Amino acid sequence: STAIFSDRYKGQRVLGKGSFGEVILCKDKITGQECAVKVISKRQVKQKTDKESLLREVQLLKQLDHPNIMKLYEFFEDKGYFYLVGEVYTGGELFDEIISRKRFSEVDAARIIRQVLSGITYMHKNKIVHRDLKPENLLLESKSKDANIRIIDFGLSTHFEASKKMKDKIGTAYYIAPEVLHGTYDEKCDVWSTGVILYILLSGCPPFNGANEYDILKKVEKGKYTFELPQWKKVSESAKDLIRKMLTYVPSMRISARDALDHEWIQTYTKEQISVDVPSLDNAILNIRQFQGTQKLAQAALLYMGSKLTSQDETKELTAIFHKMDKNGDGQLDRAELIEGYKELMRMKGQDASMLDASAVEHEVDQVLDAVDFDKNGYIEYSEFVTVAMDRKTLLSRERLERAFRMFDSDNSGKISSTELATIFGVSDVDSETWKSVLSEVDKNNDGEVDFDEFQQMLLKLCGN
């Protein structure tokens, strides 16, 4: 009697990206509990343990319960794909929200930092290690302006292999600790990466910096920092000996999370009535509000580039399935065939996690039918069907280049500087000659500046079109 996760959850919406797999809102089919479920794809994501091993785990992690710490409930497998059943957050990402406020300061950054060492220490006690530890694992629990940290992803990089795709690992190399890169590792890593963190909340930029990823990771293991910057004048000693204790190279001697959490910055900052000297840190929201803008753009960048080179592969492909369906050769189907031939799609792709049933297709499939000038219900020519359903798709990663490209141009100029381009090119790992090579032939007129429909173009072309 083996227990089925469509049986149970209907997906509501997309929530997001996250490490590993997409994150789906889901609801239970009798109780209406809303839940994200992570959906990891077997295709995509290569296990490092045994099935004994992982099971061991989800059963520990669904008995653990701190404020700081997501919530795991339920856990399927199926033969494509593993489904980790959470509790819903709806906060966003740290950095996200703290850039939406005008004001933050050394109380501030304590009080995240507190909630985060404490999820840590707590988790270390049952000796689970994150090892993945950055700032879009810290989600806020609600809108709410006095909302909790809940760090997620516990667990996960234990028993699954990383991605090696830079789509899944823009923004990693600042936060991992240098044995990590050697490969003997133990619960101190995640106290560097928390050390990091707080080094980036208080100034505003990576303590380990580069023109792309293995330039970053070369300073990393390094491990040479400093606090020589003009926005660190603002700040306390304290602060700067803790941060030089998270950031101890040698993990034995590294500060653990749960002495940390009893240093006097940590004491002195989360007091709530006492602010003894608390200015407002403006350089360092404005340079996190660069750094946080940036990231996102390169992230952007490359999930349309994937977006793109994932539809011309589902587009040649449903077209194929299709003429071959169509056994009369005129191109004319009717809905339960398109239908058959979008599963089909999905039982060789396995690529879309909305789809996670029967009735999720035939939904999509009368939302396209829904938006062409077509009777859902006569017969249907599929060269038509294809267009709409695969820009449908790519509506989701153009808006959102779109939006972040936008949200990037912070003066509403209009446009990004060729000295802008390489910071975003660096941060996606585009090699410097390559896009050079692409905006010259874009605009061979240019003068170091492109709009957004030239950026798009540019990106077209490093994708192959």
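Positions refer to the first chain, counted from 1. First, how it differs from the form deposited in another entry.
Comparing the chain between the two forms, the hinge between its two rigid parts falls at 408, out of the candidates 55, 408, 442, 66.
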Contents of the next structure:
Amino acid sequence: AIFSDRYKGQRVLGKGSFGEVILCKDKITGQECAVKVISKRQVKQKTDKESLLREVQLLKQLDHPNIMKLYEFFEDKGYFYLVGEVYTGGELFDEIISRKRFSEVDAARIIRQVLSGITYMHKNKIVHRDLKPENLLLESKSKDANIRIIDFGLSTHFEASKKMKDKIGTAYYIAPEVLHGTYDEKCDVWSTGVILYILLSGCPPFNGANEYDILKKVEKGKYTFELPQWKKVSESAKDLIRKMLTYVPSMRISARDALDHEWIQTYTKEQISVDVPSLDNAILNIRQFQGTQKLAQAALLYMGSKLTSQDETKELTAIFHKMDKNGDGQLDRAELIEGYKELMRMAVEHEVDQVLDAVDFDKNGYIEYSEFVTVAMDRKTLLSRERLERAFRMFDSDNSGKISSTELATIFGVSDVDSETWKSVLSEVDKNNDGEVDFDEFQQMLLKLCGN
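Please supply the corresponding structure for the form deposited in another entry (the preceding block corresponds to the form deposited in one PDB entry).
The following holds one chain only.
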């Protein structure tokens, strides 16, 4: 059983935990699916293979409406291919930030689904460990949509990368016992409690300028309902949170018992009989929170893609150089395709043609391969550049066009860019920056922060 015999790649869905997720189509039935591809080289394995294979076969037999459905598993010399159901509703928080109203009832409905999925996985002795908002996908982009939890089972068998672009935003949700090494299924209740806290206040209970500051707060395990917006929240909501954020895991409430809590029972009634004050301050805070996380994430991805495109620019140039036996710097369509594939080994027809459209619209003859390389690599970094700009614009909620030094400090702290380093970089871009930057200056900073 070879993966490529059955599935063809259609389009990339993203780079989630442990590797790329590619939208694929069954070659016979047309069935679309989301395949997580884990590189055995890039990602280390924790357990023996037998244990991994058994857990995988178990997961194929489990079905729950709030857990991502796993269909199939493949393996070759380099990779694992995990074939899951594709969900098109995006990440929960990216929906939440577009809503005009949000109440305790909305929060309770969300958390009841998460707790239902978790309870079922815990019954089968499967622990997530890395539960966070990113792992809550929607079937459709609407507040009416079901939540599907992704990544159950992976933490037990795969080591997470320490690359900051991957470990960004993780510190808020991780249980203290996970930091110290002894953990069980209760760690998922803790992570869910942090998410619930954020839904109801828009602020993480354990917050900080950078990873270590956040982790230090999580380890001490102390948090409060001191913020003004907690006055708008029921005592019942707060009581559940206290049980879910109980430090010693044996004293911490179970996912199953959390489903039986008064708050869940009361606020998830299909008929909203209780007061429904919109948590307006929480929505504004959550928008700020999401915006900050997505911008820091986009910033790191942009720098990563800039480095990647630097390499591939040199490699592709060398590839074409070898093919340039004439030494005239010009190649035809055929040769450009071969070289583009030669780099890929280190759809293709159509991508080349998009480049040739800009270079030689008429296509009357040969193409300066140097001209080609630029446009080829330039447009390949488009997604990251456009996503960076979109994230900047979304973070800039008042449409000021600027981000302040306080905001830069938050964004770079989350990104693990050193305070003195980015300040120095700012000074070089704009000596009279006046404690704020526009998008262009922000982008210039990112470029200097990755050796450009």
